[PDB]
Every structure is written in structure tokens, then in C-alpha cells.
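The chain that follows stands alone, in the form deposited in one PDB entry, written as C-alpha cells.
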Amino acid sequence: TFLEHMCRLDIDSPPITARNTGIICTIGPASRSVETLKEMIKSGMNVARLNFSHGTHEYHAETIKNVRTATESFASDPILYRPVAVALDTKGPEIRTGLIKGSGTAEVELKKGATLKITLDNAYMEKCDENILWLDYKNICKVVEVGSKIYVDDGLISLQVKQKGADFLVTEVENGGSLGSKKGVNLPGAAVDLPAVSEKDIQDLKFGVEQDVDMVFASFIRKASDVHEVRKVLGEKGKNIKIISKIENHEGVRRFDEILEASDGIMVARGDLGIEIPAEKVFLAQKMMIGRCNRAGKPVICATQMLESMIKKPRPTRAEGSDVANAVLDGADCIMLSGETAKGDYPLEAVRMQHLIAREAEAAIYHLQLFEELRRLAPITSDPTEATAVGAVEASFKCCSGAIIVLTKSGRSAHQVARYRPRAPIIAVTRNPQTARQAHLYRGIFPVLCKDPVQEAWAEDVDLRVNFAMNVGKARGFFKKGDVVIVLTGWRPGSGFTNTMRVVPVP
């Protein structure tokens, strides 16, 4: 009984299992130094997120350089080295207002009920007033109708369409407040037809490919074709880069299935969604998307103001503490920190609290129960790897194994085991550096980069990689000698196929 499960939760019983959820940290002026980055990695950071909404390429190249400098600082000890991925989060397509009467700093607020006209006439670009407002979205009138709502400046200001002019709109200020220059606009429920990527996104994406980033968090994704566009721009040289689509508006939620199908992962951007749809429905959207991603076996990331308050506070608010725990309880693969680590004054404490909350939340989940539903909703397959994966997870529960060791080149086999959410951690051993880093996208996977040189005979090379995982598992305290672990590898060498599962006692 679930209710009976809740009743049995105990705060006095320390979490036993390791923290399965990945932690993604936005890097900025307050966590940019190799020094701080080293600590953040020790504190649990698995992915470094660079927010391209701001900063120059040279600025970001140096951030990435420092991240790799700090990461390789631990390579002298292969057994403890933790791969650290680099994520590029695009500024993305957006609608900005013009400049209010000359200068930008100048603000012209207006009272509710008042009238306000939205003009596409470029003549009013740098001359916006409490009576006339210029926007850079040229199809604004075609995707909106009389009665539509329009938010200005991150939803701070609200408006409602009364009459649809030709190249303009007349609206009543439902809300109010200080209106500034070049502010972001949102069209709740409207099918915005802006290109999938902006011209700035294009160059940033190209930069990402040359910087060899592991994933891209693509903004404002609202249809499959938007994902394809992002994919096309990354091109042949960026084909292995994971594309995580950020669901930020109503159309994105409505066409979520086709978007998920086309993506490698998903990110619930509660911040923008909170503007785009009724704030009271965001928790529903988040839970729906996490659930579908878990069902599909694709990574899902939760972020957008998790532990915000921790900018100048030692500990998080109660709402934030609850939010991170429930996100992981919902089934999120990774939790992301923004601002709290990019700016703030407590970047380290923020990462540590994130880690603590996650492991507590994970200890409070009924793993066997979560797995039964996954296998239940999962269909009959003819793919031997899928069958091997489910059998390994089951065998793992039966002997309460210290881990499921998975040898993988591309990471696929490890991902297949991860979708079934075993309780035991998944130690994915690979010689591919990129696979090691990208693995953090999947909950429960603990990637380890095997340094040792390949062995002539495939059989010996397999034992070498398996024993490496064994030492890692021992070192990290996942298990010890005498315990039992599950191992997934292949039957023969040059044929490729993870269809072999072995139950082996730890040396």
C-alpha cells in the first residue's frame, strides 16, 4: 500500500543506496574557476551547463577549458575519476519589444484597464511608449486572435487582444507594471511560427560542435521539425551530440509525443512553461512528461529555479526542498541548478544539498514497484538486448546485487538497463570518452572510463573491463568482496551484441 509506504518513511534511517539522479550545474562567474569547479565535481556535479543567453564565445571557451582542466585533474586515479559532461543551452528563438522612447533604461509603466497598441511598423522600433509597443515577431497578428493573451517581460505584464488591426493589435492591459525596453514576449496557447533556431543559436551550435560538447539543450521546441532543424545544423560532425528538447510552451506540450520521438531527451522548463500556460497546470505538465519519458526510456531533466533562494542563503526554502525531492520521486533522470551555481554565493552548498535531497528521495522510492510497472507497460520485444536487459534487472532484484556491470561502446546497452530502473547502480564500462560523459543523462548509470589498453584476445579484454568495474564498485563503496553482481557483455567479439548476462561473486 502506497499510503502504508508513506506512513513508514523514517528520517532517522540514513539512505543506503547511492545518489542515482544526475546533477547538472549552470556555470557562471561564481563557479567558473578551475578551483571552484574541482570542488563542484567532488560535490557531485555530473554535467556543466553553459547558458548561451549571455556571454561571448571566448568567454565560454575559457569556461569549458577550465571545466576540462578541473575534470582531468582527477584522471591520475582511474578508479575514482568521474566523467563530467559539457552541455550547451541555447538562447533560443524569442520575441523582444523595442526601445521605449529613445534609450532602453527608460521605463514607461501603465495602469490596468488602460489601452495599449502593439505595432509591427518598424518606424516605432526605438520609440516605444505606454501607448505604442513594438515587437520583432512579424507574424504576431497571424497566430493570435481577438481575446488572446500576451505577456510582456517574463509574464510580469499581461494584455488581451481586442481588435486585430492589419500590421498591429489593440489590447487592454489586464495587468500592469513598469515596462522596459527589449523585453521578452510570450503568446500563451498560440502556435508561434518562429524558426526552430535563431541566427545566434546557429553560430552557438556550430561553436558547440568545435568545442566538442556532449549535449545541447535546444530551446522553444514545439514540434518534431524543430528538433530536425537543430540536428541539421549540428551536422555530420555533431551527429553524436545528444539533443535535449526544452518544452517551454503550450504547443510543445500538445505535440510532446512527436517531439519525444524525435529527441534524445527532454527538459521541462518550468520557468517558461509557467508563463505560457496557467501556472497552476505546470506541475501536471511536468509529471506527464517525466512519466512519458520514463515509459519511453528517454532522459528527462527538471530545472528552472530548483534551489533559487540559495543565492545568499545557507539552506534552501521549504518549497524548493520539496520541489527537488518530488521531481526525483516523479522519475526525473537529472535535476538542474541554475543561478544557484552560476551566480549565487553558495555554489558548493547548493550542489551538496542537491545531492543530499536526491539520495534521500531515492531511498524513499519503492524500486521493485517502479520496475514492475515499467516491464508491464513495456511491450514484447524480439530484440535480444532488451530481453537480456530485463533479465539482468530481475536477477539483480533476486540476489539484491551490489550493481549491474554493463560493458558498452555507444552506451546503448547501459541505457536499455536504465529504463527498467533497477535498485542496484549500473556501472557502465566504456573506452569511449564521449559515451562516458553522456551517460550521466540516464538515472542510475555510473559511467567509468577504462584507461587500460585493449587486450589482444576479446575474452581477456572483457575480463579486464569487468574487473575494472569491480574495483570501482569496491572503491566507491557500492559493494565488496563476497557480494554478487550482474555482468552484461557479449557472446563473441567482432559481432557486437550485449545478449549475455552473468551473475558473479565479487573478487
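Residue numbers count along the first chain shown, from 1. Heads up, when I say rigid core I mean the largest set of C-alphas that superpose within 1.5 Å between the two forms. Compared with the form deposited in another entry:
The listed residues are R465, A196, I335, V268, and the one at the hinge between rigid parts moving between these two forms turns out to be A196. Relative to the larger rigid part, the smaller one turns by 20 degrees between these two forms, according to C-alpha superpositions.
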Contents of the next structure:
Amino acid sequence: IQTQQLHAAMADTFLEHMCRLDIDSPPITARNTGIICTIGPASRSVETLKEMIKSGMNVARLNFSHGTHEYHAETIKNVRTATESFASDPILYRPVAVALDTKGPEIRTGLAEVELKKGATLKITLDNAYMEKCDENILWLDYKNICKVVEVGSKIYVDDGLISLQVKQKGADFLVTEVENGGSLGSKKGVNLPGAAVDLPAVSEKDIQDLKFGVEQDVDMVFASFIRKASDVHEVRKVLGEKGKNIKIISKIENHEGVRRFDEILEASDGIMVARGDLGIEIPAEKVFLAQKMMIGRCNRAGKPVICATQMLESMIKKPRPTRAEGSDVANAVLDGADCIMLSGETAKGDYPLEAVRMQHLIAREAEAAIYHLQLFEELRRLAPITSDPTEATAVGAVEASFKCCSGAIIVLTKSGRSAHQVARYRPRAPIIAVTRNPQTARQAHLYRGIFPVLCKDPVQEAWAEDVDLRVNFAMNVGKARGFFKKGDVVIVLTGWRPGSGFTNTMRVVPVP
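Return the structure block for the form deposited in another entry; the form deposited in one PDB entry was the one displayed.
We keep it simple here and write out only the one chain, dropping partners and molecules.
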């Protein structure tokens, strides 16, 4: 009788590992995969926000594809008010990050009781007087090259690609179309074209204002939409500038060009997010799993943070319990190597936002136990490149020792998070407690898998040896109070020699006070 799927863990074959997965092997307390929850009408309440942190929300995503600067700021203040509430106890405190999502290049319909019928004609008018008053046969789109670059025999998608069309005319400002799949047209719904790469700006003027607002707001990360090359990301960084240099950029991949130029995009970006709801419209849907598994895998081999994002638990927008396809996907995502798992409408405009976060908390914890670490660690090391970096050797050594003694933690003193980040790329079962005094680092650290960031508001003792131990004691107390580990249990502590970032070379396997 045992825990953490340990019988499977020591299975010599992956097939045997699955045969030994036990629904009667209760999981460890700590959850490694990060939960990102989009905030909006359902969750913007500090009452909901306080309870979302309680239910395991680690990051708050703001979608500028919708809304205004005033709306989001009210939410960002509201999220920050909720987080400071649990700060009376620093040990029980959880830092919560704020992320910004760009509208990006989008084609949107004009301003609902019109249903498009199969066998009907629709003309995509480009007279801009239908922007507020759009008829069924007269449709205005916020794009100028649809008719120009989409010719007869093409197809168009509106409202999450739920209303399909077929093109029978090409020209200037007009498009005669058939409705292949019909339905109730909605106001200002997204237009998607599978057969073209939009010519619209990857970073528009609204995007420049939206990114600028975040630098004024102290956002820890940003989610760049419709990124098709590294050129797109660099434009985003220059807009963030010197005051946002430390703001992490996560590029959202939702297009064929990005999937092709993905390797260039990853080296450029600070992380990747698989935007499935958009990526599925552009490429055939039955090919999307390959893209998620391809990107999560490449991101893991480069130690760059990857997020799984859309329609994970969608039924929960209207339902209190999730479908089995949904439950399987959230776990398969953690099983695939996703650092963070996200919720969109489920949390933003949902009947059950808290219920969704809790499900993502449970299914994730169970999957982390199910991972074949022995194979995974073998491959990440086998595919690791030999370096003379001290921190890199110490980090791989700490994870190997965590596996050997079955540690209840890996404790890292990190000022920029980079030390703890390298331990995470090696994918330990041991929970990583990054002890930091840089608060933004504590929030941005949530992007990586396994890192439970802890903020030491305790002052500098003026003796590095005393100050370092003071911090190590803070981590020991947190893992005990949260029940991650117990006194007398072994832990790994990573530290350096000189004060300052980049001096990490010290590995300590120690029992807990």
C-alpha cells in the first residue's frame, strides 16, 4: 500500500508504468503545474478573487481582445487587494501574477436576431455604414483584404468558426458567399480564414497602447497573440522597453506560420502558450494535438515555459462538473509537460469559475504523480548539453539527489528565479521552493513547473551566512505548514558563495528542523 504512483514510477517499461497506475495511491499535497485563470465578469470580484487564490489560482490573465483600460485596471487592483489579504501570514501567503493578453491582428464582424440558413447568400459589403447596422445579406468586416486575397472557392469562419461560409465571388469591397454551416450571427464576432496568413499588423497601434498600459500597471508577464515570427516578438519587447525589460513575454501560437517558424519564435520569447481555439481554425482540428505535443516537447528541451490554453473545461461555463474528454485533456497536458494549465471563459464569464479552478487543481496533482520521471529524467539529461556553468551542474545534481533520497523539496535561494528555473527544466518530482526577496520573481516563477515561490519579507541580517539560513528556515516552515514535508525528512538546498545572482554552486542534502 503506497503513494505518488511509486509502483508505476519504478516500472522498467512505460507500458508497465500505466498498468500499475493506482486510483488507490493517494497523491502528494504539493501541486507543480501552474493554474492561470482569466478574470472578467464572473471573477473580477475580490470575493471571487480571494476564493480563486484559495482554490489554487496562481496567475490572473487579462484579455485586451475585449474590454477597456479602465475595466482591466479595476480588475488588476481588485486581484492585488485579494492577494495582500492573505499576507498577514507570509508562510500561508501566495504571490499571484498579473498577465496581459493582446487583441493582436483580428478580423471582426460588424454589430442579434439574424440566423444564417444553409442555402442562403451572404454578401460581405465593405461599406463602413454596416459597422453598427449589419444585415444578413450585407456583412461588414474590420479587414480590407478578405475579398482581395480570398477568391471564389474559398471559405470564411465567424464566431469561433461555428458559422462556416463558401466564397462564389471576388472583387473590391464585396463577397457573395454560401452558408455551409448556419446559425445565429453574433455582434463583433471573430472572423477566421484557414487559407490565408492575415496581412494585419502583428502588433497594431491598439496593441502598442495595450502593452504600454501594462508597463504602467507592473504586469509580470504578457501574452502576445498571432505571433508568426521572432520579428513579431521583438516589436513587443521594444514597446515594453527598458521599464518592462524584466516583464516576461509569452508568445501565443495560433497560426500555421508560427507553427512552421516556431523554433525561431521560442529562442526569441520567454515562453510559449498553445492557443488551441485559434490554432484549430487555421490548421485542421485533427492535427492540433500534434502541435500541442510538438511545442510542449520543444519547450521542455529548451527549459522555456509552455502553457496549454483553450476550452480545457468548457462545459463548466454552463455545468458544475466537467466532461471526461475535458478531465483527460487537463491531465494529459500535465502528462505532456505543460508548465501551466489555463481557463478562459470558464473563469472569465462563467457560472462556475471556482469549481473549474478546483478541478484543474485536483486533476493536475494526480497527473504529476503519473509521470514516468525515470524515463523523462533520463532523456532530459541524455539530451542535456555539457556546459561549464556551475549552476547548471548543481541544478542537475540536486534533481538526481531529489530522486535518490525522495526529497520533500528542493530549496533554492533565487533573486531572479534563474537558479530555480534550471532545476525545473530537469523536471523533479520534488516540489521546488524558490526563496526570494524580489516579489516580481515570486510571481513570474509561477510560470515554471514545480516552483512554489515564497516571499521572505524578513529583513537582511547583515551576515550572509545568517541571512541565507534565515531564508532557508522560512522555506522549511512553509513546506511543513502546507504539509509538503515534515521535520526529520530530507530536503535539497541550493545556495551560492558570493552575494548576488549567478553565484549558485552549493548543494546541501539536509534533514528538516
